[PDB]
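K.L.:
Residues per chain, in single letters:
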Amino acid sequence: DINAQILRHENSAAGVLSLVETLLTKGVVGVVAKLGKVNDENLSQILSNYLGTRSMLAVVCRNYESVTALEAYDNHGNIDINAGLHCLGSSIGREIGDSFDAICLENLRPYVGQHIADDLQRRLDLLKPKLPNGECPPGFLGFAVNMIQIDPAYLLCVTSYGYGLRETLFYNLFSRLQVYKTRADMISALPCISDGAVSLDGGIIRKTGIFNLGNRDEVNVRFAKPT
Amino acid sequence: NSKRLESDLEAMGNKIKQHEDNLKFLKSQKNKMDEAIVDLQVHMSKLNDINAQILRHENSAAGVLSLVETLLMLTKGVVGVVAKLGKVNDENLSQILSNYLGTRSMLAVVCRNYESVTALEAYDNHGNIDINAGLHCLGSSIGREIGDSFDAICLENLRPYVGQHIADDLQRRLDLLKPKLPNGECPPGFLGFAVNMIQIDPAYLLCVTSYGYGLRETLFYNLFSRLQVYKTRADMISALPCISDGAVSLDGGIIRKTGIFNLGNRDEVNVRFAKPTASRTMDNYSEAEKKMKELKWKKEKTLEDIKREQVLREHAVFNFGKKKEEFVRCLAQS
Amino acid sequence: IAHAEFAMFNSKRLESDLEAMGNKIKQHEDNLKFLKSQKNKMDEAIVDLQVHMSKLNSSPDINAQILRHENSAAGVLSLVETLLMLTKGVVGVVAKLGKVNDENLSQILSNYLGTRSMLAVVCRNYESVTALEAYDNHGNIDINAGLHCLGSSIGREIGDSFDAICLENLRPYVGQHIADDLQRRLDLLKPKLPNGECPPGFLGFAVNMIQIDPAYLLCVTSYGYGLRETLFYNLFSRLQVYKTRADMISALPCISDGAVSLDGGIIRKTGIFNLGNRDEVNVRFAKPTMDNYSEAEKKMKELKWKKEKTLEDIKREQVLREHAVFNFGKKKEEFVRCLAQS
Amino acid sequence: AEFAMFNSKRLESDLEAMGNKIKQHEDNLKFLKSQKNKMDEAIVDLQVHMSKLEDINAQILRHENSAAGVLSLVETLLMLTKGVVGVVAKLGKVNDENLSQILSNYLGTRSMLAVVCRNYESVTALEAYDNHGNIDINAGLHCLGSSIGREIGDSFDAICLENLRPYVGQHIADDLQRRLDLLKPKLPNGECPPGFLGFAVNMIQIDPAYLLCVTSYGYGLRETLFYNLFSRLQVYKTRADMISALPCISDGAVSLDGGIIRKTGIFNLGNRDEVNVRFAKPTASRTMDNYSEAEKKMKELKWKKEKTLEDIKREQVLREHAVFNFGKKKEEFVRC
Amino acid sequence: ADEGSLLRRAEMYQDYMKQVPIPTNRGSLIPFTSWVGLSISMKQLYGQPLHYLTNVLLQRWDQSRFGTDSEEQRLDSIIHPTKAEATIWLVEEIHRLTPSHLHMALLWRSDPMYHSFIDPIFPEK
Amino acid sequence: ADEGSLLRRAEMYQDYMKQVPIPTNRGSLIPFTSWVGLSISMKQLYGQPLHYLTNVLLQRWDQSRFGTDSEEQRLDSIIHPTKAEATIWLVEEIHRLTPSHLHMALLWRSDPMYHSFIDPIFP
Amino acid sequence: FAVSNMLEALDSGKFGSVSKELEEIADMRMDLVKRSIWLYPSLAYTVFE
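Chains as they are written, first to last, in the authors' numbering: chain D, 117 to 139, 149 to 352; chain C, 52 to 99, 117 to 139, 147 to 409; chain F, 43 to 102, 117 to 139, 147 to 352, 357 to 409; chain E, 46 to 98, 116 to 139, 147 to 405; chain B, 39 to 163; chain A, 39 to 161; chain G, 45 to 93.
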C-alpha cells in the first residue's frame with residue numbers, strides 16, 4: 117500500500133504528517158506521492174526513479190504562511206523541538222532527522238500556454254518534436270507531465286489566481302520531459318530533446334549534457350494506482 | 052562552344068596547382084608547430117584527504133576508479156572525478172556546495188566524448204546489465220562490484236555559458252550580472268555567485284574541449300548555474316523576488332527552484348570539496364603544462380585545416396578530369 | 043446551482059457553433075487567396091503578351121535621320137554606305160540595330176538613352192576600336208587615322224564625341240532566358256506590390272521591346288552570345304515601362320533601375336527625377352515591316372474576358388465573406404449577453 | 046462573495062500599476078523636455094555668439127534655358150527655395166583647373182546644372198501639372214521664369230537627397246574632410262597600377278557647412294550627392310596607363326589627358342565635348358573659416374534637437390496608449 | 039552624467055519598438071541591388087520603421103561584400119527577393135521581441151551620432 | 039607577414055564554405071531554449087557545419103538577450119522553432135554565398151582562438 | 045519559395061482573421077468556469093475539470 121511505504125520512511129516528515137492525519150495541518154495540501162496516480166506501474170516506477178525520493182516525499186502547501194508555520198528557527202540558528210511539525214510529531218511519532226523540502230504554489234512560475242481544448246484531464250499543448258523527414262521521433266510516447274491522472278478536485282481553483290495543480294506543480298517538476306521506449310531510441314533522438322528525457326526500458330537523462338547509466342534505481346515509494 | 056571550355060579547363064588547372072601549393076604551406080606550418088611542441092616537451096622534462121573520502125564509498129564507481137588511479148582506455152578517456160577537479164579555499168563553503176550538488180553528482184565520472192561513455196557501460200539485447208561491460212569487469216576483477224548508480228557527464232554535450240569572461244582575470248571568472256532589487260540597489264547579504272568561487276586548477280583552464288573551452292564554462296556552470304550565495308538565511312529569504320533559479324545560505328538553507336524551500340536537519344554528504352595547495356614551485360611546472368595543452372589544441376586545428384583543403388582539391392581534380400573528356404568530345408562533335 | 047450549469051451548457055453550445063462559423067470564414071478566406079493568386083497569374087500573362095506581340099501600347117527613313125546629324129560618326133558611316148578594316152569590324156550603329164512596333168515607346172526610349180548613346184559605333188573586337196582612332200606621340204588625335212581620314216576624304220567631319228563599344232568586353236546577361244520563344248528574350252523578375260498584385264500601370268521591361276534582325280540573335284560574340292543579352296542589356300538594364308506618370312511615382316520603391324512612362328516621364332536613377340519640357344532627339348527606332360498582330364489581339368481579348376470573370380468571382384466570394392463576418396458578430400454578441408447575464 | 050472581493054482587489058492593484066506606469070511616462074516626458082530646453086539654450090548661445098561675428119554664377123547664367131540660370135537670376139535680385154539646396158556646380162570645389170574641366174566633362178551639363186532638392190515634397194513643388202498631361206504655367210519654377218522672362222523650355226532634373234541610396238563604406242578614420250576609404254585597384258601582382266592617383270569622389274573639396282547632418286539620417290554631400298553622381302571611378306594620369314589597367318577598373322575611369330570610359334564596354338573617342346560650367350577653386354581666408362566652423366556646429370546642434378523632438382513624439386505615442394488602456398480599465402471596473 | 043541618460047533613452051526606445059506590429063500578409067517582390075536599398079524599399083512600402091540592430095546588421099552585410107570579383111554581380115540573382123525579405127522580417131521579429139536595453143546603451147556609448155540608424159517613420163495613422 | 043598567412047587561411051575557409059549545399063527538405067521542429075542550443079541541435083541533425091559569422095551572430099543574440107526579464111521566459115514560446123530554424127537557414131545561405139575574405143581576415147586578426155566558432159563536422 | 049508556404053501557414057492561424065477573438069472567447073468562458081467552481085466546489089465533479 118502507499119501509506120505503508122510512507123511509514124517505511126519513519127525519520128521523514130511524510131509519515132509524521134500521515135500519523136497526524138490518522139489522529149500546521151490547515152495550510153498543507155499533501156505529499157506528491159499521494160497526489161499523482163499513474164495507470165502504467167512500470168512508467169510510474171521509472172518517473173519515481175527520475176524525481177528522486179527527496180522531491181517526491183516533499184509536502185506541498187497553498188501559502189507561504191504555512192511554510193513559516195511548519196518550521197521556525199530560534200535566535201542561534203539551530204532547529205529545536207518547538208517548531209510545528211517537529212513538536213507535533215515528536216509528541217507521538219518519530220523526529221525529523223532527514224531533510225524535507227517544502228513547495229508553495231504561489232511562488233512557482235506557472236505554465237502560461239494554451240491547454241489542449243475539449244479535454245477532461247486538461248492536458249498541455251506542448252510542441253511535439255519532429256525529425257528532419259517530417260515525422261515524430263520513432264519511439265515518442267509523450268511528455269511526462271501528461272501521464273499523471275489527477276483527482277478532479279485539484280484540476281482548478283487551488284492557486285489564488287485560479288490555476289490548477291497540473292500547470293503549477295506538475296510543470297515545475299519535469300517541464301518538457303518526454304517519454305521514449307528504449308534507450309537506443311532515446312540516444313537516437315538525443316539532439317531533439319529539451320531539458321531531459323526518460324525511457325520506458327530504463328535509463329534517465331536529466332540535463333542536456335549529463336545522463337545516468339548503470340543499474341536502474343530502486344525506491345520504495347511510488348505513485349498510486351487509479352481504479 | 053569550345054572557346055568557353057578551353058578557358059574553363061585552364062582555370063581548373065590553375066586552381067589545382069593553387070590547392071597543391073596550399074597543402075604545401077599548411078604542412079610546413081604543421082611541421083613548425085610540431086617542432087615547437089617537441090622543444091616545449093624537452094623543456095618540460097628539463098624542468099622536472118580527498119582520496120580517502122572517495123575510499124569511504126565502496127559502492128560507487130568513483131571508489132573503483134580511485135583504486136585504479138592509485139594502483147586500459149577507460150583511464151585514458153575519463154578526465155577525472157568531480158571532487159578531484161576543483162578546490163575551494165573554505166571548509167564551510169565547500170561543505171555547503173557538496174551538500175548542494177548531492178553525492179551522485181559529486182562522485183561523477185567525467186568524459187571527453189560520448190564514445191568513452193559507451194565504453195563505460197554495456198547493455199545486451201535482453202536489456203539487462205551483465206559484467207561484460209569494461210568498467211563493471213574492471214571493478215569486479217580487482218575489488219567489489221558496483222551497486223549504487225553513477226552518472227557520466229560528457230564534455231562535448233555540455234551546453235556552455237556564453238558571457239564575456241571577467242577581463243584578464245587569471246582564474247577566468249564569469250561576467251555574470253548581479254541581482255537588483257526594484258529600488259535599483261544590491262541585496263545586502265550578496266557576496267557572489269557560487270560558480271566563480273571555486274578555485275580551478277591551471278592546467279584545465281583553457282582548451283580542454285575540442286572547441287577550446289575550460290572547465291568553468293562547461294563543467295562547473297552546468298552543475299550549478301548562476302546560483303547566488305548569501306551570508307545568512309534571512310538575507311536569502313528577504314531577497315526572494317530578486318534571485319534567479321538558485322540560492323545558497325552559509326547558515327543553512329538552499330532554495331533549489333524559486334518555489335522550493337529546504338527545511339529540517341541536513342544529510343551530511345561525506346564527500347567534500349578539495350582545498351587549494353600551499354605555495355609550491357610545482358605551479359611553474361603546471362604553468363608549462365597549461366601552455367602544452369594549448370599547443371596541442373592548435374596542432375589539432377591545423378590538421379582540420381589540411382583535411383578541409385584535401386576535400387576541396389578532390390573536387391578540383393575529378394570534375395576537371397570529367398570536364399577534360401567533355402572538352403574533347405565537343406571537339407569530336409564538329 | 044442550476045443557473046451556472048445552464049450557463050456552462052449554453053456557453054459551450056454557442057462556442058461550438060461559433061467555432062464552426064469560424065471554420066466557414068477560414069474556408070472563404072482560403073478561396074479568396076486562391077482566386078487572387080489566379081488573378082495574379084492572368085495579369086502576369088497579359089503583361090507577358092504585351093512585349094512585342096501587340097502592335098500598340100495604350101498611350102496617354118532612318119538613314120535620313122542619321123544624316124541630319126551633320127557632325128557625328130554614324131553620319132559618316134551612313135554617307136559612305138549610301139555612296147578598309149573599319150568596314151570589316153563594325154557591326155553597325157545602335158540606331159540601325161533595333162526596331163520597335165509603336166512610335167511612342169520608341170520615341171521615349173530614344174529620349175531615355177540620349178542622342179550619343181544612340182549614335183554609338185559598335186565594334187566586335189578591341190582591335191577594331193584601336194583601329195577607329197589613331198594618336199600622335201603626345202596624346203593628340205591624328206587626322207590620318209581610322210574614321211577621320213576617309214571622313215576628310217569624303218568631306219564630312221567628325222567634330223563631336225562618339226562612343227565605341229566592344230561586344231567582347233561588355234558583361235553579358237547570364238540569366239535563364241525564356242524557353243520556347245523565337246525572339247529570345249529575357250525572364251527578368253517582375254515587381255509586385257504588398258497586395259500580391261503587379262504595379263497598376265506596369266507594361267514590362269524595356270529590353271524585351273526591341274525586335275532584332277535574326278542574323279544577330281546569336282553568335283555575334285566569340286563566346287556565343289546574342290546582341291540582346293550583351294548590347295541591349297547594357298543599355299536597358301532592367302529598365303521598366305509604366306503607363307502614366309502617377310503610376311510610376313506610385314510604384315517607385317519597386318523599381319531598382321530607371322523607369323519610363325508613356326506620357327513623357329523619365330527617371331534614370333533612384334533619387335534623380337527628370338522634370339520640365341521634354342527634350343527632343345531626332346533619331347528614332349525604326350518600325351518593323357500584320358496577322359501576328361491580329362492573333363495577338365484575339366488572345367488579348369480572350370485574356371481580358373477571363374480576367375473579368377475572375378474579378379466577378381472574387382467579388383462574389385468577398386460578399387459571402389462579409390455575410391459570414393456579420394453573422395459571426397451577431398452570434399458573438401448573443402453569447403456575450405448570455406454569459407454576462409450570469 | 047469573498048472571491049468577487051478578491052477579484053476587485055486584483056482589479057484595484059492593476060489600476061494602481063497602470064497609474065504608476067503612466068506617471069513614469071510623464072516623468073520621462075518631463076526629462077525629455079528639460080533635455081530639449083538645454084539644447085535650446087545652447088543653440089541660442091551659439092546664435093548670439095555667431096551673430097557677434116570665372117565666378118560660377120556668370121557661367122551658370124549663360125545657360126539661359128534651364129532652371130539654374132533662373133535661380134541664379136532670382137538670387138541676384147519664395148516657397149520653392151526653402152527646400153532647394155543649390156546647383157551642383159556651386160556645392161563643390163576642386164583645386165586644379167584641368168581636373169575641374171575633366172570632372173565636369175565626365176558628368177555633362179544636364180547633371181552639372183542640376184537643382185538638388187532636400188526632399189520629395191520640394192520636387193513636387195518645383196513642377197505642377199494639369200489633368201491633361203502638359204506642364205502648367207502656374208507651377209513652381211515656370212512662374213519665376215515667366216515673371217523674369219527666363220524661358221525654362223529646356224529639360225532639367227532634380228536630385229532628392231532623401232531618396233538617394235547612400236554609400237555604406239566606412240569613412241577614412243579621424244579625417245578632417247571625411248573622405249571615403251574605397252578599395253584601391255590591384256593587379257595580379259601585389260602592386261597598384263602605375264598611373265593611379267586616387268578616386269574622384271575623394272577629390273571634390275566639399276564645404277564645411279555641408280559635411281555633416283544635412284540629410285535626416287545625418288549624411289553629408291560626398292556620401293550621397295557626389296557619390297551617386299559618380300560611384301567608385303578611378304582617375305589615372307595618362308591614357309596609356311588607363312588602357313593598361315582595364316582588368317582592374319571599377320564602375321568607370323577617367324584620365325587627366327582627356328580619356329573617359331563610363332562603363333566596362335564603352336570607350337569614348339573623338340574630339341572632346343565641352344561643358345561650359347565647371348567646379349570653382351576654393352579660397353583661403355580664416356574669418357570665413359571660423360564662421361563656417363560655427364555654422365557646422367550650428368547644423369549639428371539643430372540635428373540633435375530635431376532628433377530629440379522625434380523622441381518626444383515617440384514617447385507621446387506611448388503615453389496615449391497608456392491613457393487609453395487606463396481609461397478602458399476604469400470603464401471596465403466601474404461597469405462591474 | 040550621460041550614462042544614465044543613454045540608459046533611460048535606450049529603455050524608452052526598446053519599450054516603443056516592442057509594440058510596433060509585423061504586417062499580416064506580405065506578397066511583395068522587390069528587385070534590389072543591396073541590403074540597404076532593400077530595407078529602404080521595405081520601409082517605403084510597409085510604412086514601419088526597422089530596429090537599431092537590423093540597420094547595422096544590414097550595413098555589415100553590405101560591407102562584407104567589398105573586395106571580390108563577384109562584388110559587381112547583382113545580388114538580386116544570387117538571393118531571391120522573397121528569400122531576402124523573409125530574412126528581414128524574421129531578424130526584425132527577433133530584434134523587436136527578444137533583447138534588452140543594457141546591451142543597447144553599451145552599444146550607444148561607443149559611438150556619437152547613433153540616430154543614423156534610428157528612423158523617423160511613425161506607423162500610426 | 040602574418041597577415042598574408044591569415045588572408046590565405048581566410049580564402050581557404052571561404053572556398054570550403056561556399057560549396058556546402060543547403061539541404062533540400064527541411065521539415066523539422068526541435069524544441070530549444072537558446073540560440074546556441076538550436077545551432078548545436080541543428081548541426082547534430084543535419085550533418086553540416088554553420089559559418090563562422092553565423093556562430094558569432096548566434097552568440098551575440100544571446101549576449102544581447104541576457105539583461106531583461108525575458109530571460110526566465112522560455113524562448114520556445116517567444117519565437118516558433120520552425121520560424122527560428124528557417125531564420126538560421128536563411129542567414130546561413132547569406133553567409134555561405136555572399137561574404138569576402140578581407141572581412142574574415144580582419145575579424146580573425148582582432149582576436150586569437152577564432153577556431154572556437156569553426157566546426158569539425160566535415161561532410 | 046519553401047519559406048513562404050510555411051510563413052503564410054503560420055501567419056494565417058487556426059481561424060483566419062478570427063482566432064485572436066476565439067482565444068478571448070475561450071478565456072472568457074474559462075473565467076466563467078473558475079467563478080462557478082469558486083462558488084460551488086462539487087460542480088467540478090460534474091465538469092471533470
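Honestly, the hints are just simulated from the structure, not real lab data. Keep in mind that a hint or two might mislead.
Said to hold, decoys possible - Covered, in the sense of this in silico footprint (three residues per stretch, anywhere, with C-beta under 8 angstroms from a C-beta of chain E), are these stretches of chain F:
1. 224–231
2. 329–337
As the list claims (entries may be wrong) - With the C-beta cut set under 7 angstroms, the calculated list includes, among others, these residues of chain F facing chain B:
3. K255
4. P257
5. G259
6. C261
7. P263
8. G264
9. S313
Think of the CB as a built atom: it goes at the ideal place given N, C-alpha and C, for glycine as much as any other residue.
K.L.:
Taking the hints in turn, state whether each one holds.
P.N.:
Comparing the hints with the structure gives:
1. For the segment 224–231 of chain F, the proposed coverage by chain E is satisfied: 7 residues have a C-beta within less than 8 angstroms of a C-beta in that chain, meeting the threshold of three.
2. Only residues whose beta carbon comes within less than 8 angstroms of a beta carbon in chain E count, and the segment 329–337 of chain F has 6; three or more means the coverage holds.
3. A hinted interface residue such as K255 of chain F counts as satisfied when its beta carbon comes closer than 7 angstroms to some beta carbon of chain B; here the least separation is about 4 angstroms, so the hint holds.
4. A least Cβ separation of about 5 angstroms between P257 of chain F and chain B falls short of the 7 angstroms threshold, and the interface hint therefore holds.
5. At its closest, the beta carbon of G259 of chain F sits 4 angstroms from a beta carbon of chain B; the interface hint therefore holds under the 7 angstroms criterion.
6. The restraint placing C261 of chain F at the interface with chain B is violated, with a minimum CB-CB distance near 9 angstroms, outside the 7 angstroms limit.
7. Proximity of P263 of chain F to chain B is violated relative to the hint, the smallest CB-CB distance being about 14 angstroms (cut-off 7 angstroms).
8. Residue-level restraint check for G264 of chain F is violated (minimum Cβ-Cβ distance to chain B is 16 angstroms; threshold 7 angstroms).
9. Look at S313 of chain F: its Cβ only gets to about 11 angstroms from chain B, farther than 7 angstroms, so that hint breaks.
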